[PDB]
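Presented below, as structure tokens, is a lone chain in the form solved without the named molecule.
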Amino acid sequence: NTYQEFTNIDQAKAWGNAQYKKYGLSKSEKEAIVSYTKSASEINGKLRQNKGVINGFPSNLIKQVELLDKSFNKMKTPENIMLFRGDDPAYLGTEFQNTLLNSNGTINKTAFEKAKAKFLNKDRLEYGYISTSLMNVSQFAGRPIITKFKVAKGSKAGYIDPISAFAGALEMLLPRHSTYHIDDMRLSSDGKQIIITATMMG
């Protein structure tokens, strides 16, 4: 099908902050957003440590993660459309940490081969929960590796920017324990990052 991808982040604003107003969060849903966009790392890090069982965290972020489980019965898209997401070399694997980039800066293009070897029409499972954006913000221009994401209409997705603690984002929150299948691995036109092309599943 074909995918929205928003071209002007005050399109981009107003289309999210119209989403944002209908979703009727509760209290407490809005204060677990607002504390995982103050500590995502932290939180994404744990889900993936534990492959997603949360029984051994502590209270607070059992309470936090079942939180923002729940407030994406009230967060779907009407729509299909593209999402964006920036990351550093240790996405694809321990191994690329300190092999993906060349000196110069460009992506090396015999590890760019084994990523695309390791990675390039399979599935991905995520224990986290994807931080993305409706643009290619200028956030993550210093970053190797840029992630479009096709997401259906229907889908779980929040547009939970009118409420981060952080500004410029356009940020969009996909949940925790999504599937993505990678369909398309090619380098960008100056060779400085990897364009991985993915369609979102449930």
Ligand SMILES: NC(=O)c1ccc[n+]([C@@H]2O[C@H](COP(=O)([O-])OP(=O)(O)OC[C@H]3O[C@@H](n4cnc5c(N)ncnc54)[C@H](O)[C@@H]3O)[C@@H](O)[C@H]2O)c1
Contents of the next structure:
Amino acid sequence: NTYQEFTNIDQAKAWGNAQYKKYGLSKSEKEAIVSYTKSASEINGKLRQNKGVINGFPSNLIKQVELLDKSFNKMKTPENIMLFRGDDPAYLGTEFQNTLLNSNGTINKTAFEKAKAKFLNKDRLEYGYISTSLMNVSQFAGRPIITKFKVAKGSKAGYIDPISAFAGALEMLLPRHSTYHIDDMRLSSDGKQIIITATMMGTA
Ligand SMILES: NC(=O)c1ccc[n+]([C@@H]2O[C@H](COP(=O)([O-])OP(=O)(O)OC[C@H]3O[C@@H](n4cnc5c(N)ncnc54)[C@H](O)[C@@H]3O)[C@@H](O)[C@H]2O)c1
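Hand over the structure of the form deposited with the named molecule bound; the form solved without the named molecule is what we had up.
Now the full complex is given, and it begins with the chain already shown.
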């Protein structure tokens, strides 16, 4: 139908803060999210490497994932919304690690055609959590791949920004084991980035 796309920083900010007041996260859930923002790539990366299974993990890490998953029972979005995200070349596969980018900073049109073939009109399963923003913010917009996610109403999604260890991200978190369908993939006006548009679905 129509996804709300925030255009103004101070509005997104207010809307998001308006959601956070309602969540009533347990003190325990809050300590688990704070810690996630300080260590996302470690956690998301173990999740990827053991394809979801958390039995090997230390007893702390298991306490932290269970609390993150639980959190989303309190955190859902009240309307259709667009979230944004930036990624580096490895996002597409090891093959694109050292080939997606030319020497001047442009997207190698060939790798783009390969990636488009490999991902366009297909589902992707992400084993880790997905961190996003309410807009294309300055910091993560410098990255070569920008993904705009369509998130439906009532879907699991949470504005954790207020208790993030870091600033300027307008951060919305989505749950792990989420799956999304990629609808479009083109280049930006200057050819320095790929814009992926994707439809978000559930978890497991
Ligand atoms: N990236 C964003 O759009 C965004 C938005 C808001 C907040 N954040 C915050 O920044 C930090 C999170 O960083 P992140 O999002 O880069 O961590 P991540 O765990 O999602 O990804 C880390 C690195 O691995 C890549 N990657 C992602 N999925 C992959 C996959 N399936 N296979 C191989 N590589 C993959 C990413 O492009 C990045 O280079 C946290 O502090 C979080 O709060 C990020």
